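**Student:** Each chain is listed here by its residues.
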Amino acid sequence: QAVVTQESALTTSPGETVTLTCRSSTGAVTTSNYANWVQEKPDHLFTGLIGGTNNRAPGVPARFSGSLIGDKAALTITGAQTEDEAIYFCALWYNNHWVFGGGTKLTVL
Amino acid sequence: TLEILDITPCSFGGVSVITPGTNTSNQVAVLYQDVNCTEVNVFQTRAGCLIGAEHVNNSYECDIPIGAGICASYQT
Amino acid sequence: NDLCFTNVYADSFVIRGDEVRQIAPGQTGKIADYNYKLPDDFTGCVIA
Amino acid sequence: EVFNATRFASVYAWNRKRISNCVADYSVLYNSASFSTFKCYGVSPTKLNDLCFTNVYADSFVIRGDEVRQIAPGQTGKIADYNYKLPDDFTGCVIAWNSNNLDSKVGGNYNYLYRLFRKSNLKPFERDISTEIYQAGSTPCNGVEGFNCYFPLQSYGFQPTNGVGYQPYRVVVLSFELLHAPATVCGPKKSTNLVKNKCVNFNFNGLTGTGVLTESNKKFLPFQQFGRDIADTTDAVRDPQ
Amino acid sequence: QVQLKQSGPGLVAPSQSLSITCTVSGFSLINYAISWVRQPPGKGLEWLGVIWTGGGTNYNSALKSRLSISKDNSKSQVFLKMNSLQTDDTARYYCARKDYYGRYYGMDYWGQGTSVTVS
Amino acid sequence: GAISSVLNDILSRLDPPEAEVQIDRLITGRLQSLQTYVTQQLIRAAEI
Amino acid sequence: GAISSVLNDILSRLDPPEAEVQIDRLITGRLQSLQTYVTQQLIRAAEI
Amino acid sequence: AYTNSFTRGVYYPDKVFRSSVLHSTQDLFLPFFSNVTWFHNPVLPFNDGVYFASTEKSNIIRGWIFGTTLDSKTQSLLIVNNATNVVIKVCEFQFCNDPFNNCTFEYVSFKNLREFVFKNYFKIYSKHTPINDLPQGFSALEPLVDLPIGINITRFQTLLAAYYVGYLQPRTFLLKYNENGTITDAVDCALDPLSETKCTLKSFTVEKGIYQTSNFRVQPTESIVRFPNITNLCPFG
Ligand SMILES: *[C@@H]1O[C@H](CO)[C@@H](O[C@@H]2O[C@H](CO)[C@@H](O[C@@H]3O[C@H](CO)[C@@H](O)[C@H](O)[C@@H]3O)[C@H](O)[C@H]2NC(C)=O)[C@H](O)[C@H]1NC(C)=O
Ligand SMILES: *[C@@H]1O[C@H](CO)[C@@H](O[C@@H]2O[C@H](CO)[C@@H](O[C@@H]3O[C@H](CO)[C@@H](O)[C@H](O)[C@@H]3O)[C@H](O)[C@H]2NC(C)=O)[C@H](O)[C@H]1NC(C)=O
Ligand SMILES: *[C@@H]1O[C@H](CO)[C@@H](O[C@@H]2O[C@H](CO)[C@@H](O)[C@H](O)[C@H]2NC(C)=O)[C@H](O)[C@H]1NC(C)=O
Ligand SMILES: *[C@@H]1O[C@H](CO)[C@@H](O[C@@H]2O[C@H](CO)[C@@H](O)[C@H](O)[C@H]2NC(C)=O)[C@H](O)[C@H]1NC(C)=O
Ligand SMILES: *[C@@H]1O[C@H](CO)[C@@H](O[C@@H]2O[C@H](CO)[C@@H](O)[C@H](O)[C@H]2NC(C)=O)[C@H](O)[C@H]1NC(C)=O
Ligand SMILES: *[C@@H]1O[C@H](CO)[C@@H](O[C@@H]2O[C@H](CO)[C@@H](O)[C@H](O)[C@H]2NC(C)=O)[C@H](O)[C@H]1NC(C)=O
Ligand SMILES: *[C@@H]1O[C@H](CO[C@@H]2O[C@@H](C)[C@@H](O)[C@@H](O)[C@@H]2O)[C@@H](O)[C@H](O)[C@H]1NC(C)=O
Ligand SMILES: *[C@@H]1O[C@H](CO)[C@@H](O)[C@H](O)[C@H]1NC(C)=O
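As you go down the protein sequences, you meet chains A, B, C, D, E, F, G and H in turn. The deposited numbering applies: residue 1 is where the first sequence begins, and numbers increase by one. Here the second sequence stands for residues 581 to 620, 641 to 676, numbered as in the deposited numbering. The deposited numbering applies: residue 388 is where the third sequence begins, and numbers increase by one. The deposited numbering applies: residue 340 is where the fourth sequence begins, and numbers increase by one. The deposited numbering applies: residue 1 is where the fifth sequence begins, and numbers increase by one. The deposited numbering applies: residue 971 is where the sixth sequence begins, and numbers increase by one. The deposited numbering applies: residue 971 is where the seventh sequence begins, and numbers increase by one. Here the eighth sequence stands for residues 27 to 66, 81 to 140, 164 to 172, 186 to 196, 200 to 211, 215 to 242, 263 to 339, numbered as in the deposited numbering.
Hints in this document: simulated from the structure, not taken from any laboratory. Do not take every clue at face value.
What the hints assert, rightly or not - Straight line, CA to CA, 20 Å or less: simulated PhoX-like cross-link-like pairs of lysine-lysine:
#, chain 1, residue 1, chain 2, residue 2
1, C, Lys417, A, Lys72
2, D, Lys356, H, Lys129
3, H, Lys195, H, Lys41
4, A, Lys105, E, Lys43
5, D, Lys444, E, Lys75
6, A, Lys41, E, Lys43
7, D, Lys557, H, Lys41
8, D, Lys558, H, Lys278
9, H, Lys41, D, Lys558
10, D, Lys557, H, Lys278
The task is simple: from the sequences and hints, build the whole structure.
**Tutor:** See below:
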């Protein structure tokens, strides 16, 4: 009851939107277990993308759009040519502690 | 249910203290005006419930008036 | 239960779980945009 | 000492000091270095120098710039609820002035603490010193500070570049009594010689009146202070001096 | 400006103890909570532990009870302590700011990172 | 209704513009009491 | 002059810090009516 | 054991003279004839005030401890007698569970019957009287000290052969002031109907007759809410 996974594969041409899904061990995730999305730059730089399973973080562009799109937690980014080359991690709040996702490599065009 | 209920207001009344002058004694009787006695040597009178006084048979001249032809007095 | 309202308006929609997520006050989706939309501030209760 | 005090307490632990047995001088304080609000209830600020009071409670705390409004008897708000409750019929004076120069520091002063959570509104002059973890969520916390379990004490963040309405205002509430115990605090009014057997206006410890004062043969007991008549009219007095 | 700083020598041999510190500006430890994350070379990030805003610590359950974390309310400093290291513990460690009061309930900011290597 | 029955304490504490309300409260009360006394005296004098 | 004659409705509707004004208005009105009744009874009693 | 305080425990409620007048006052007094717990030294509560009495020869009675927890956790007040002086101090004491820090205040100043009233800031009244198990006498208590400390009090214990403890209730009393202005008698305005009559008449002698003293009014018991027949449920189903 602890598995956290991501596709670890993402590539979107500019102009089309994509959804990447992170799936937990409890089936469909509820907002009760808060979902977080964080982005990793190749320079060990971290930032917060989505919180509260529906809420975008402060200071991250609204082009980043994450919701409970599927049964499990998901994130949607509109295609960008340069700034989307980064790693993305999904986080779920179990009752006791936090679990962080594997990470997904996006390589646009 | 199609029933009809009367509303009577809850009992109220004065409380009067019947005392021979403290020169004679410290004993007292109490008259609860216009209330049936159950609510409160209890006696029923047209004035209300009289507590602490003994209802003799024979009649004497009036000493402390009560109401509707009853008087109270301090006697052996 | 306590409060009383002037009239009750009921809307019935068949929507997917994503659309159900999209069927939320202020939520953004194709279903929200076209299939079913409602005023954001309006008080609403949804049973799914 | 209170007005010039450098270190001020937190609002939920607002500091109370009693003042008594000293001549006070309110007019010099009323002549103000632009105090934001010298506002008085139950007494006219100009006359403060004349009345004698039993004791004068002084309470001190530091709050937001624009929230001073909440310091009123018939008032509502987070401060009036969980920090400080002025009772109705409050008889005193509220003093506030901006302390942006001293208290606020670059980047945000974070040691100032105001509470935001409690079961009910505070009683008049209630000190919720205890810091038990609030059961903010419906579920009991029992020591949990989770996402729905919250702590009842919150810092402020006083930085100089905040809003003018958010600058640090020091606030001092003076609560008077205007009772008739030995009024041991009173204004700087001079004494005067005494004259008897003549219709003279008199003020004994703020007890004022007009009458002829004669030497009396009453047997006051040592704890007595003055006498009163069959129908509550002051009949005799003890001279203070 | 809101900012997270963390500092420490990092270079450790096996089986001895080194501690790491996180120093903060722009916010108070009373309005926020602090969580720590760890980044081994080439592997995913894992959650270490959290200090609550007004007292009370939490630690990872599988993580040993033989360790402690500490903080400074007044001068805004936080210290993490590991009392014995093993070669699997080499990683980069990060301090992070958590705002469960705020509408953005999740972690807001993260530390600038320190390399910790074994031998 | 006034703060204090001592009209000298009202006039020594409050300021003239505001004090008038308290004084007026006292004046209405005392005038009504005096009228009641006078009426009782008229009736008792008729009996005598 | 009070917003309503029912004492319970004044108490339960209007704010307690201000309700004293309405209560005072009712108290003065009812006290005046009682005094009028008592004076009328006193005069009728003298006649009888 | 238990005893009844016949006519004891009247203190001058304020600091105002009076003479040859009957004055009605309402304050915390010890009800006449009430139960006084007679002891021989456990930690009693401090309900709303305490009437305390002792009759000692070798001054076995020495002092009192007041507080909420009677330990270092919370504040507490100590009054003690030494042949040197009487010491009154409030601190965060560490109290031994068998009486034999952060200090904020200090004050220094059978036939022997000693009466005290401790009420709450802290007011202490007292009297020392020659006596010959409380008597039937009547002695007013003159004020002794007022401590302007405002601590939180719930419990007290005596620091020591025989003492009596009663508790105060918010009663109305009629006090009879004589020529020298010393309370000479008192009537408890709620003990019995004759006392109610005396208080209403504002006098100590009641001439024969019938007097109206108060009003009987039976109180309500429950709340009843009724409403029309519940039907025509809205067809959400
Ligand atoms: C009463 O006297 C005691 C000692 O005689 C003193 O208490 C000590 O000082 C303060 C209270 O003023 C407290 O220490 C505090 O600890 C917390 C973290 O635990 C922190 O805010 C500060 O580091 C501060 O030092 C504590 O009561 C005690 N210090 C200890 C035990 O290390 C104080 O003078 C008086 N007040 C209290 C409440 O004891
Ligand atoms: C003054 O001291 C008293 C005595 O400690 C406190 O007031 C109330 O004290 C009771 C216990 O004496 C506490 O509430 C109750 O505690 C018992 C403990 O077993 C338990 O039945 C419940 O948990 C209940 O809450 C509590 O300390 C306090 N209650 C209040 C304030 O509502 C308090 O320290 C002081 N009271 C003041 C200043 O009014
Ligand atoms: C006072 O007590 C009784 C009941 O407590 C009263 O109730 C009934 O009154 C009617 C009419 O007066 C009688 O016919 C009933 O017999 C009474 N019920 C009883 C006696 O159980 C009644 O009003 C009073 N009784 C008196 C005055 O004798
Ligand atoms: C005097 O007192 C009683 C009442 O106090 C009188 O009333 C009742 O009279 C009948 C007569 O048949 C007696 O049987 C009752 O016992 C009496 N009531 C009570 C309460 O005793 C009665 O007339 C007198 N009693 C006498 C003469 O013995
Ligand atoms: C200043 O006031 C004090 C008031 O206590 C005066 O001190 C004494 O007060 C007692 C009060 O019973 C009286 O014996 C006298 O009024 C005072 N006696 C002495 C020896 O001073 C004090 O005198 C006043 N100052 C001056 C200069 O008179
Ligand atoms: C008031 O106190 C005085 C003295 O303390 C006492 O009355 C005195 O009684 C004696 C007997 O004749 C005489 O000294 C005087 O007639 C009284 N006055 C004084 C000043 O001595 C008694 O304690 C009280 N007076 C009463 C009860 O009349
Ligand atoms: C009050 O009574 C006083 C003496 O009491 C007398 O004896 C008792 C047993 C009764 O019979 C009582 O009626 C007697 O008077 C005297 O002071 C006086 O007689 C009475 N009146 C006054 C004003 O004291
Ligand atoms: C004292 O208390 C007892 C209870 O044991 C009670 O029966 C008694 O009546 C009390 N004393 C008096 C004088 O009422």
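**Student:** Taking the hints in turn, state whether each one holds.
**Tutor:** Consistency of the hints with the structure:
1. C:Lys417 with A:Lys72: Distance of about 19 Å is within 20 Å: holds.
2. D:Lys356 with H:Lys129: Since the Cα atoms of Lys356 (chain D) and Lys129 (chain H) sit roughly 18 Å apart, the hinted pair holds (cutoff 20 Å).
3. H:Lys195 with H:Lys41: holds, 16 Å
4. A:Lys105 with E:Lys43: Between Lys105 (chain A) and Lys43 (chain E) the Cα gap is close to 14 Å, so the pair holds against 20 Å.
5. D:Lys444 with E:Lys75: holds, 13 Å
6. A:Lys41 with E:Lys43: holds, 14 Å
7. D:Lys557 with H:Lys41: Cα-Cα ~15 Å, so holds.
8. D:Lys558 with H:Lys278: holds, 16 Å
9. H:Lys41 with D:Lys558: holds, 14 Å
10. D:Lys557 with H:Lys278: The hint holds at about 17 Å.
No hint from the list above goes unmet by this structure.
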